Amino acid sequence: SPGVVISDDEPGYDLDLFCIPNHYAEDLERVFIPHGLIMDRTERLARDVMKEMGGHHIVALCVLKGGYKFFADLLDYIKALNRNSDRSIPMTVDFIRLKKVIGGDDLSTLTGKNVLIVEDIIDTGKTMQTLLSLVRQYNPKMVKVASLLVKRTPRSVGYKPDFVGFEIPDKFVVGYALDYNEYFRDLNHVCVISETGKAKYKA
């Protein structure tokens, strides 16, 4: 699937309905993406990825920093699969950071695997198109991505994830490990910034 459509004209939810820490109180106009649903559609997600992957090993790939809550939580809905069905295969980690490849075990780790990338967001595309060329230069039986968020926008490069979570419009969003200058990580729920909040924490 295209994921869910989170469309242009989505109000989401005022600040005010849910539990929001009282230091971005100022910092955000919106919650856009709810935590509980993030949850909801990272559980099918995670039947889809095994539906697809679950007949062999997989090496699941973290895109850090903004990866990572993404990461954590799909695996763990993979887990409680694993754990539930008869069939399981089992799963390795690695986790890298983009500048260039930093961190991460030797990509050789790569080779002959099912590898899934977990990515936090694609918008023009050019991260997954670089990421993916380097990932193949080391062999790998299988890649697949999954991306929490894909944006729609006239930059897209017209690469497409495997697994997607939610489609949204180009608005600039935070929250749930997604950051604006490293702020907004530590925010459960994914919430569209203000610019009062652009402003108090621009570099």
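Whichever C-alpha set is largest while still superposing within 1.5 Å between the two forms counts as the rigid core. Residue numbers count along the first chain shown, from 1. First, how it differs from the form deposited in another entry.
Residue displacement note: residue 36 has its CA displaced by under 2 Å between these two forms (rigid core superposed).
The Cα position of residue 133 differs by less than 2 Å between these two forms after fitting on the rigid core.
After superposing the rigid core, the Cα of residue 195 is displaced by less than 2 Å between these two forms.
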Contents of the next structure:
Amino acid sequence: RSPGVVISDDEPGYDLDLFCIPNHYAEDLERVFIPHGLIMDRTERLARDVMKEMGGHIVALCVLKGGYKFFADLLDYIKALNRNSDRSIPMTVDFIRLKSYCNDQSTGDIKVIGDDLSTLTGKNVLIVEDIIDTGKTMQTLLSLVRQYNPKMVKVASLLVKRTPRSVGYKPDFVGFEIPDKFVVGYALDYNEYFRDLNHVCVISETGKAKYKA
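Given the form deposited in one PDB entry above, what does the protein look like in the form deposited in another entry?
What comes next is one chain alone, with no partners or other molecules.
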């Protein structure tokens, strides 16, 4: 559908010493995958795409705690397009909280939702996500919005991992399709760390162990 910028399994990303990384993360990473400014540029084209489709009207839906960073930037770029409209265009920002927990037994997925979503009826709703792996967060967000009978529904995600997709709702706007590696930085922390890391990088084993839980 437009797989986004494809970062392939074959020799992925960039060597660490090529970009600016906080010294206190010198050992906590393997490679860098997507430098910040690269995220920005892509996110910019992405906002252009969104307006192509959406815009009757638009309710941008942010997924809380985690997804604020990418939402912020994506919306900054959109606000940027809107400044030139001949009529001022109302956009409404909306929020769901959503947390996940390790399943442990069974397989069974654990999702804890959101609250107050009256502002959804008959509107054009964009779901904004940080990353897609198993597809459950997306699937969860999907049926949740269909529940409030909107007009239109699209999913934007900065990241889509190249993994065993169960079958679902293929995202409409994809920032980057990346290898099956565990990534931190930009929008993805690891137990409260890496927030000051602007780039999407692969966490190392030293990092995982050091940044406990």
